[PDB]
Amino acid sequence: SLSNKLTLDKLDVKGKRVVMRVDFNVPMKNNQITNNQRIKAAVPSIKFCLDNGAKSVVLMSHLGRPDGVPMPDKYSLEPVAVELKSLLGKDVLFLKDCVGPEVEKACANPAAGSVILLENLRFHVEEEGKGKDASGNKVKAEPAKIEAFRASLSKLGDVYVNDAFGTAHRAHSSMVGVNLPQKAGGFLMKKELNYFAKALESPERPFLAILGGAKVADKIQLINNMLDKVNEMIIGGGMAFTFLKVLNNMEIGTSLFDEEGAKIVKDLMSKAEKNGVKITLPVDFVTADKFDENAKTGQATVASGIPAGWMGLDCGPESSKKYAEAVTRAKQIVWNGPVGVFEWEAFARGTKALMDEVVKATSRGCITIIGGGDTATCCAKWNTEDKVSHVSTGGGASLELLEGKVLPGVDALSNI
């Protein structure tokens, strides 16, 4: 369950050493942070621990994919220690490793209110459990070493806090390997759990899922899980063409077509009808003569078909109206995937108009949940992160949740 989990608000940290896993996987360039959003996001949790008299806060995280190889030249967390120092307005000790006697003893009994940032966890192959060797050959962590690695991390604090929802879909040592009495979710984790639990277990209805994507076949579990829960579903983006070919005899030109997906389209529509799920597919399109930002553009409907040598890369204005109609009917929205090639201005009007609708919906009381990845990227692009109820901080994590998969990192948390 996503509810009934221990969270930082209810965790007593008085004189307690807090070992906290956080999301410091920031984009960087020239060994500098190009966006410190994730670093700032974790501050409320860290503040709270210090402000409630925590002896220490030991921060652990990853950066990029060194793959179990120490790469402090490239993928060091030291730049983060600096930025964190500024944001907190408090000094931050940066250790050059995350495990070992040195790290351990250093974390054993810090001065009251010590912020300690450990080095990239994925410098050790034991974090992920797999990775690459010095030479770049793939390798798997030894079980004794994994256990040793996890034992070390456990010493570094008295209580554990997981504020790294974005890695909670993986059974990594820092997610499921911290053996301590109390294992609580941080305030970021809290929000994820609070929004998703309500949405998936007790939604305000109508509940609309907006699913966008390239293919169908790789979203069977996502679509199925939503069809078990929702009242309405928009199927947008390239994948819609597979539905339209099968269902409406549509000529789709060079548009994406999912041969495997096509075989279960009618199964999906059957399930949808039986569950009372109103499906909205697009009815019109902005076409392009090639898969390119600067392609020639045109229009098409289902009826007109898309000509040979043209592909659909966005929905058209009539589609956007139909999308809006469903959004206007929603009391709850989960939006996972753009409905066009939003990174190209010529094919972004559909996704932008939908984003406008979801924002409008939010303003009149709709609960709107954006999945991580592209959909979240669209909220950053158009400055609507604060205009929707919740933008998930983890793309891979949110997908797994919406697919109804297990989140090991969440399961490892204590219950209440």
Given for the second form:
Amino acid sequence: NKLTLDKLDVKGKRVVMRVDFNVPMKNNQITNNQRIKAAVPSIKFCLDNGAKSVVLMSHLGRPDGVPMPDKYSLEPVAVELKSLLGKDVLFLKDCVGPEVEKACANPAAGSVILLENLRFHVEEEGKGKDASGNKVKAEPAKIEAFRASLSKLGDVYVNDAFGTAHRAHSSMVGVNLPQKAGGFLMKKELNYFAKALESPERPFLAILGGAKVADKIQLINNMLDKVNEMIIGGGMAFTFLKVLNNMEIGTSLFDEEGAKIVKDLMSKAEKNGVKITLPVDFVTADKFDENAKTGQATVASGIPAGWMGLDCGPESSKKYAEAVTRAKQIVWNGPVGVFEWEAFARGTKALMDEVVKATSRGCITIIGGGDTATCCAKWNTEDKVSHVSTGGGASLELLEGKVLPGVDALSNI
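In place of the form solved without adenosine-5'-diphosphate (ADP), the structure of the form deposited with adenosine-5'-diphosphate (ADP) bound is requested.
Below you will find a single chain and nothing else.
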């Protein structure tokens, strides 16, 4: 087991906390601050328990090892943090080097400091692109020095950056202080997924949809050993329907690599008695456009040529609803339609309503982060499901049964 924040004595201690502040932006201004909010409990705790300082560190976007302050600065996060925290947050313009080090040697008894975006330095990811756009690899010597500089900012280290936990980056596995402790966001996320995967309340339903039909492979195969039911929705379904049922799918998303094992996966489900729910009907579109001409189809009719299926239909949502009703526990990863467009958002909307009714009655509902977490924000259901993950990719690594380098890097009790 690992050291965690509650076990950690901070009093008088400078805390360098890795957090995931990689919030969606538009035109420099934050569109979702959930990732920020989620870190608050760890930060406050340190403040309330007498920390000399919290020096926060994160990445935003993918600047690829070149500094891009015009486009990917964390400054706006500082402003949000201070508002959240009802306290001052001092933003630094770099994350390493003498100046930053001076700022972080001995702050006051409670000063919050935010570092600039980690990824401006190629040493964080260990690789990136140079200013001319060329793929480059960072240098071991330079990587150690970078790692050393982060080390100085703090007496002790805390990782609350669950969403970045799958990334073996310098700030996540390279900060070599004596005590490295997992924050409250880390413990909470890990605990939910672990409980859901190891000892779920049953029946356990996984809802898989979205697009990323191929990446959902290791995931389904693992889930197939954990679950009692699975909805396979959204873009992914079409590959299953064409293969199993010889559906005419038009221009709908199709995944050739995926089509190869669809039969294997289905037989595994049959073996395990996992009831698989695929869509039986669809909202079609004449083109991939918000204002496209719409239509309806079924597995049996096909989708016209060469229309595409962009939402499930009414029968499908009902069958989805039947599964939600039976479930004691739900993991939902991926929307079941192109929810960003009104024409194609009904199936997702109806699924959200059902999941929401289920929470209400004690079904454990876990939402996968990424696009699904986005639906919650959009529709105000963030506080009406048991947990909305802050990490899409990291959660998948977890659902896939993989280990997280961010978790592993922590100190052992």
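So that the term is clear: the rigid core is the largest set of C-alpha atoms that superpose within 1.5 Å between two forms. Residue numbers count along the first chain shown, from 1.
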{"item": "C-alpha of residue 215 off by 2 Å or more between these two forms on rigid core", "value": "yes"}
{"item": "Rigid core superposed: residue 352 CA moves 2 Å or more between these two forms", "value": "no"}
{"item": "Shift of residue 232 between these two forms at or above 2 Å (CA, core fit)", "value": "no"}
{"item": "Between these two forms, C-alpha offset at residue 28 (rigid core aligned, Å)", "value": "3.6"}
{"item": "Per-residue C-alpha deviation between these two forms [residue 158; rigid core superposition; Å]", "value": "1.4"}
